[PDB]
Amino acid sequence: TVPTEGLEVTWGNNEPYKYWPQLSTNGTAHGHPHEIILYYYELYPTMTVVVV
Amino acid sequence: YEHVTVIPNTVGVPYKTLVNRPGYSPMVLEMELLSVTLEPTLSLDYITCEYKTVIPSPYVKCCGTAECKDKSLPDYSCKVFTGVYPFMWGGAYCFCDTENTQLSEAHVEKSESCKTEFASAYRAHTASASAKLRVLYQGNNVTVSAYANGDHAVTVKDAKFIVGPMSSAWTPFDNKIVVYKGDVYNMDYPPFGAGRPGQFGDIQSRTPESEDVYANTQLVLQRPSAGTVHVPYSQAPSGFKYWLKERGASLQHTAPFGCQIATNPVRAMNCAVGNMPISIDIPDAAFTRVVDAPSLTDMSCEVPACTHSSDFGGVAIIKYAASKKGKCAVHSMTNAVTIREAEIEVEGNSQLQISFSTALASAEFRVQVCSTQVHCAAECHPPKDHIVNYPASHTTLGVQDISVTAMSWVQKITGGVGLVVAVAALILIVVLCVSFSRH
Amino acid sequence: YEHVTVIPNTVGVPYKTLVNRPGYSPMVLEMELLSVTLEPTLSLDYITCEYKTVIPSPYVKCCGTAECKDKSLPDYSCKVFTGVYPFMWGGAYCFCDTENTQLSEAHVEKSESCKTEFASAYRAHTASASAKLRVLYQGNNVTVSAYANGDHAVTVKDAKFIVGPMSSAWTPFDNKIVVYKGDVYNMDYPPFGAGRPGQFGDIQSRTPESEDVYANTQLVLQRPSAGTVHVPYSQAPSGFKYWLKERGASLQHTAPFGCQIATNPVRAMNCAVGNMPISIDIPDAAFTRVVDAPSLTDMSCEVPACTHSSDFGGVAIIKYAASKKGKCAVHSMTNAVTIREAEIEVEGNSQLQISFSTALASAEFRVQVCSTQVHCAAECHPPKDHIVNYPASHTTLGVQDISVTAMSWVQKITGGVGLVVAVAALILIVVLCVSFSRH
Ligand SMILES: CCCCCCCC/C=C/CCCCCCCC(=O)OC[C@H](COP(=O)(O)OCC[N+](C)(C)C)OC(=O)CCCCCCC/C=C/CCCCCCCC
Ligand SMILES: CCCCCCCC/C=C/CCCCCCCC(=O)OC[C@H](COP(=O)(O)OCC[N+](C)(C)C)OC(=O)CCCCCCC/C=C/CCCCCCCC
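Chains as they are written, first to last, in PDB author numbering: chain G, 320 to 371; chain C, 1 to 439; chain D, 1 to 439.
Looking at chain G on its own, in the form it has when it is part of the complex:
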């Protein structure tokens, strides 16, 4: 699981790998209200649930 803090993976004697997550989502933020709330749900789930 890659959190927003980022993940560092060291594999054997290789140099550690670093991974960070983007703001990818399936919804759209300029369409119908269900679409935009789904978008903000995929981005920030807890915050969007509490605010709605």
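Hints are supplied without guarantee of correctness; some may be wrong.
[Stated by the list, open to error] Cβ-Cβ distance ranges computed for the label pairs, FRET-style: (1) D:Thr-5 - C:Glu-117: 39 to 45 Å; (2) D:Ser-35 - C:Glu-112: 33 to 39 Å; (3) C:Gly-198 - D:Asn-20: 31 to 37 Å; (4) C:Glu-112 - G:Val-321: 48 to 54 Å; (5) C:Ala-321 - G:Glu-324: 56 to 62 Å; (6) D:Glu-209 - C:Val-13: 36 to 42 Å; (7) D:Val-80 - C:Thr-288: 26 to 32 Å; (8) D:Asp-70 - C:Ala-305: 47 to 53 Å.
[What the hints assert, rightly or not] In the DSS-like style, the derived pairs of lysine-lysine whose C-alpha atoms are separated by at most 25 Å in a straight line are: (9) C:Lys-69 - D:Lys-160; (10) D:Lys-157 - C:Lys-71; (11) C:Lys-79 - C:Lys-52; (12) D:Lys-115 - D:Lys-157; (13) D:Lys-245 - D:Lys-115; (14) C:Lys-384 - G:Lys-337; (15) D:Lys-157 - C:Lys-79; (16) C:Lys-245 - C:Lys-52; (17) D:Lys-52 - C:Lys-71; (18) D:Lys-176 - C:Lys-160; (19) C:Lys-241 - C:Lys-115; (20) C:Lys-160 - D:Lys-245; (21) D:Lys-115 - C:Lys-157; (22) C:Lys-69 - D:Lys-157; (23) C:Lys-160 - D:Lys-69; (24) C:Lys-16 - C:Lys-245; (25) C:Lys-52 - C:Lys-132; (26) C:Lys-52 - C:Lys-241; (27) C:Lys-157 - D:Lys-71; (28) C:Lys-132 - G:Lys-337.
Keep in mind the hints are simulated off the structure, nothing from the lab. Virtual Cβ for every residue (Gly too), placed ideally from N, Cα, C.
Take the given structure of chain G and dock chains C and D with the ligands to it, following the hints.
Only chains C and D with the ligands this time, still in chain G's reference frame:
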């Protein structure tokens, strides 16, 4: 001109600073922390290393009982075993079939490998932070190396720089650490002179070249086995040969905040905690007078395509009318949008192009282009890749204030509810007034 | 038998502790802190020594004009003066009376003689306390030295002493200190590379052999006088020669708690703050079985003289009858009356005398000779001398246990007032009783 700014203590992300000295064209500084280092003040407690038991040749008395001596050696232990009858290769060593007593003695001492193979137990008092920085001073990359304790002002190209102190006193190390060769471990090693057998520190020494040795390995001798001249004993194995297999991961791999660890001296590089107060002293000659810089008019923007991914997913096109040719420092008035460039060349009746990185679903930001602002607006789209290998170029998560246009649904519904409540309140208050008029 | 006790951190004052173990005769240890040392961990910042101005011979250009050249000397400064007409011993130097110029150049460097006359500014993080102790073991003085951080265990006469940690972390050193030979001053020296002219630190070097010199003496060249080839200048006098005659008082004259301060390494010796928790772990061979100890009956004490004069001003004569000759460890459990000796030979039916020091205005206390208890009572006269040169050899505590035996005035007055109050309350109760039955 003394300028003071604070940037987050994050390595490798090129930040931006604005120095708006009045009467002079605005100055944009692109500073990038190449490395920050924390170095605790060590205080060696003792040096541990694998011991060795020193067993001199046993003394076997052909007749009568040998006498046990006494010494002050670190773990000296003597014992007298009676009734022995040793055999050598040719025949019986002792003349008489009994009454022979063997004097077995042994003690411990540091091994020869203690010079090279050893583990140092220290104490970490307080780290003297140091830093190295890259700044695009006057549009050219220059590097600045200085301490980060609020002292040691450093100069380059006549411009002073003094950085720190770090807003975070957090250090990866604890009050006690050990180092083996390049690995450092936080562990609460036993007090000197009280090492338990088998565990780490059964034998302790102040320095590798010291002669005083404290060793607690419960060396116990045992009776020779049925006509042989050996000296057997029952000693707890080395606690350091055991620790070496039982080490576990060192701080290089377990420390938080993406902390690196080095040795000679022990450091902690590129920790991500806190922010860096960086204060510059930019001389008057560095600035250019405002009349010298050009003036831009009729600026119209456009965003052909935008994507709110990290690594500068947006691109904007701005028309211009720049009067004289010169260096037009470009800047972004909005925190949420970080434009890539720091200055471009403008002259004529044409347009330019920029790149920016944002986390907003709807672009809304003002571009400071050589004292003349401009408004840019576009709809950003989500990225296609779930994860990437670099930290986000843009500032941070958009705060709850900044939603996306077509949030107008929120305003619509809240206005409708407020309107309903308003008509309800007006009806109630007019009824209350007319009922107050009764009698 | 491990026995943890605490003694006050005062140096040179003996303290008696009671080690009592069932089945063994009680043991009393007389211990006395010989010295306590605090060793700060130093992280040198920079060395300051008086500068020297290096003025090369002037370049007077005959019938021409010279030009300034730029270099990166620590405080380099050059100027060109026109219209000069210098002379020499034989005659005028330049051919023409006008159009002559002189190039004056100078900079500053550390005095290469000042590898000794330097003052070094440090930082002090924390002190590794170390203590040297003298304990009276079984009628023998044995001296023990150990670290006072509680992380050091030593041994002598097969007895293990672990001393520490210090109760108080107070140290006479601030974070930033300077040392000059034997003197050390708490002062917030200017940060590196930002020294002020004329004050301490105008010329800063990292280490006395390091070649990087930061100097801020505001050297300013001046116009040569008419017809002379000298190179005049205006420089702020050395800040270190100015400090040397304005230092003030070293810490060994200013620090509180009667602190004593030394250097190389810097130390704070014999602080009077806090208390020292000394833990003693003693073997069973040292003890003596209760049956093996003498038993004394019919102990009666008489005190012919007593004076609370800080130097054992009382003498108590104790009659006794003892079973067998032996060593009885006398002790006083009244923690206001210290007694000098810790054991005395007993035999048959004989007397003994002890010397006790108190501050009580009426000496009333119990003495445990070996295991039996005797009660002592005496009257104290105040001493005649107002001043003594040694710390008091006893302790002072709260009032309730220090009032004279002639405090009977307090009891009489309080009892009389209580009696009259009780009588008034009883009369009021009786009057209420009839008034509660008359209605
Ligand atoms: C038909 C239906 C269609 C309708 C469409 C539905 C729309 C649905 C969506 C709305 C979008 C919500 C998603 C926003 C989430 C963004 C993430 C975020 O929001 O997180 C921002 C930061 C990061 O999170 P953190 O844990 O690091 O920070 C807290 C640190 N900790 C824990 C120590 C306290 O958090 C912070 O800094 C926040 C700090 C607190 C900020 C207070 C907000 C200021 C305003 C307050 C109300 C006043 C009214 C203003 C009105 C004025 C108008 C005139
Ligand atoms: C006819 C009858 C004849 C009989 C007459 C009998 C005589 C009566 C005698 C009493 C003798 C007292 C002797 C005991 C004294 C030893 C106590 C002690 O060992 O202490 C001494 C310390 C040492 O001085 P220093 O310089 O180290 O400390 C100050 C530090 N510097 C200077 C930085 C501020 O002095 C201190 O600290 C003390 C600090 C605190 C003292 C104030 C006490 C506060 C009490 C308040 C009571 C409140 C009333 C209750 C009412 C409630 C209603 C029911």
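To see whether the hints hold, each was checked on the structure:
1. D:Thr-5 - C:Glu-117: 39 to 45 Å: holds, 41 Å
2. D:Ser-35 - C:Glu-112: 33 to 39 Å: holds, 38 Å
3. C:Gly-198 - D:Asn-20: 31 to 37 Å: holds, 35 Å
4. C:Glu-112 - G:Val-321: 48 to 54 Å: Since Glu-112 (chain C) and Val-321 (chain G) have Cβ atoms about 49 Å apart, the given range 48 to 54 Å holds.
5. C:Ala-321 - G:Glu-324: 56 to 62 Å: About 46 Å separates the Cβ atoms of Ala-321 (chain C) and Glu-324 (chain G), which means 56 to 62 Å is violated.
6. D:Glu-209 - C:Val-13: 36 to 42 Å: holds, 39 Å
7. D:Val-80 - C:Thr-288: 26 to 32 Å: Once the Cβ atoms are compared, 29 Å apart, the range 26 to 32 Å for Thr-288 (chain C) and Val-80 (chain D) holds.
8. D:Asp-70 - C:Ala-305: 47 to 53 Å: The hinted range 47 to 53 Å holds for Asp-70 (chain D) and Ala-305 (chain C), with Cβ atoms some 51 Å apart.
9. C:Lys-69 - D:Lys-160: With Cα atoms ~23 Å apart, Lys-69 (chain C) and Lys-160 (chain D) stay inside 25 Å; holds.
10. D:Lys-157 - C:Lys-71: holds, 14 Å
11. C:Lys-79 - C:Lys-52: It holds: about 19 Å lies between the C-alpha atoms, which stays within 25 Å.
12. D:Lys-115 - D:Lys-157: violated, 48 Å
13. D:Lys-245 - D:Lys-115: Cα-Cα ~20 Å, so holds.
14. C:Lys-384 - G:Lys-337: The given pair, whose Cα atoms are some 19 Å apart, holds under the 25 Å limit.
15. D:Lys-157 - C:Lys-79: Distance ~21 Å between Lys-157 (chain D) and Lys-79 (chain C) Cα, so the pair holds.
16. C:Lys-245 - C:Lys-52: Roughly 19 Å between the alpha carbons, so the hint for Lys-245 (chain C) and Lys-52 (chain C) holds.
17. D:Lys-52 - C:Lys-71: violated, 62 Å
18. D:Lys-176 - C:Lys-160: Holds, at roughly 24 Å.
19. C:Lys-241 - C:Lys-115: The hint holds at about 15 Å.
20. C:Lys-160 - D:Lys-245: Outside the cut-off at roughly 33 Å; violated.
21. D:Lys-115 - C:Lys-157: At roughly 32 Å apart (the allowed maximum being 25 Å), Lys-157 (chain C) and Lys-115 (chain D) break the hint.
22. C:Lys-69 - D:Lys-157: holds, 18 Å
23. C:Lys-160 - D:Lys-69: holds, 23 Å
24. C:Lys-16 - C:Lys-245: violated, 48 Å
25. C:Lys-52 - C:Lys-132: Cα-Cα ~46 Å, so violated.
26. C:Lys-52 - C:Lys-241: Between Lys-52 (chain C) and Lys-241 (chain C) the Cα gap is close to 12 Å, so the pair holds against 25 Å.
27. C:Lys-157 - D:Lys-71: holds, 13 Å
28. C:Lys-132 - G:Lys-337: Within the cut-off at roughly 22 Å; holds.
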